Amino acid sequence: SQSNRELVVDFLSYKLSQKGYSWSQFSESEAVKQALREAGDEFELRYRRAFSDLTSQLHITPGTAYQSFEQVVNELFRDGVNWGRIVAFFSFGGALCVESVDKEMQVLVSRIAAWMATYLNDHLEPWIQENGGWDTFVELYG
């Protein structure tokens, strides 16, 4: 896609790495990526329980449709968009990739990356642009 696609790929590469997997076998910009990597690790520590209940709701098979992903991701934004909720979303996507590689369905990695870039573009990009862009996120979270 574009700059959102590039952000999704960086985050998923990091999440995969933390679990010992490489992206290569599946295929302010620096400050945005670093800040989002750090924000996702923090969110994963603080909301261990609630996050586990989220990831439980979706088990990605080669048959899962994007709409099934949207329905659970939509729960994160029920009451609107915010940075914490966008971080949760990245984290969520990262956990589905890890789960995918764990179950030897490494083909779903590029599929989740596409689903995420799409979801950011369609639903989150207007609120992001309206709230200072990714540079604001960095100034707030870096």
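Only residues modelled in both forms are compared. Superpose the two forms; the largest set of C-alphas matching within 1.5 Å is the rigid core. Numbering follows the first chain given and starts at 1. Compared with the form deposited in another entry:
Comparing the forms between the two forms, the C-alpha position of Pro126 differs by less than 2 angstroms, with the core used for superposition. Shown in the overlay between the two forms, fitted on the rigid core, is a CA shift at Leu58 of 2 Å or greater. When two forms of a protein are overlaid on their rigid core, residues whose CA moves 2 Å or more are considered shifted, and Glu6 is one of them between the two forms. Superposition on the rigid core leaves 1 to 25, 46 to 60, 64 to 68 as the runs of at least three consecutive shared residues whose Cα positions differ by 2 Å or more between the two forms.
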Second form
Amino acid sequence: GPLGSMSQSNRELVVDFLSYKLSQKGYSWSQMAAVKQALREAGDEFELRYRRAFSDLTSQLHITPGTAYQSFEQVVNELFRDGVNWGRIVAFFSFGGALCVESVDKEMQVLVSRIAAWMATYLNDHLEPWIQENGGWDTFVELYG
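Next up, the form deposited in another entry. The previous block was the form deposited in one PDB entry.
Left out here are the partners and the other molecules; the chain alone remains.
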């Protein structure tokens, strides 16, 4: 209820802020916090180094609500058609982020929650088996953290 939710929201604000401050010093709140931070940083690094290429490919994104799913799925299927690796996984997240930003830009905010759902499903069904065979997210942290 409202009272519980208020209490819980305050706890989560505390945890979020502490996790952030810890990360600025190279520490982590939890393994899960470490994975989130690694992915954020890898996404930044990816988008920064390949700024030209990344801007180019996302500039060719012309989404409508009716074509968003087909656009997402067709790009992700081609991305992983001949393999999964950590860099392609970072590209997958960065692509999803770009789609979400462009959606809001174009007043298609409803797509943000849908894209998040499509991404989580693809991750769980198609990427997780590779991830688990290759040392898990703990290994990603070791490599890209």
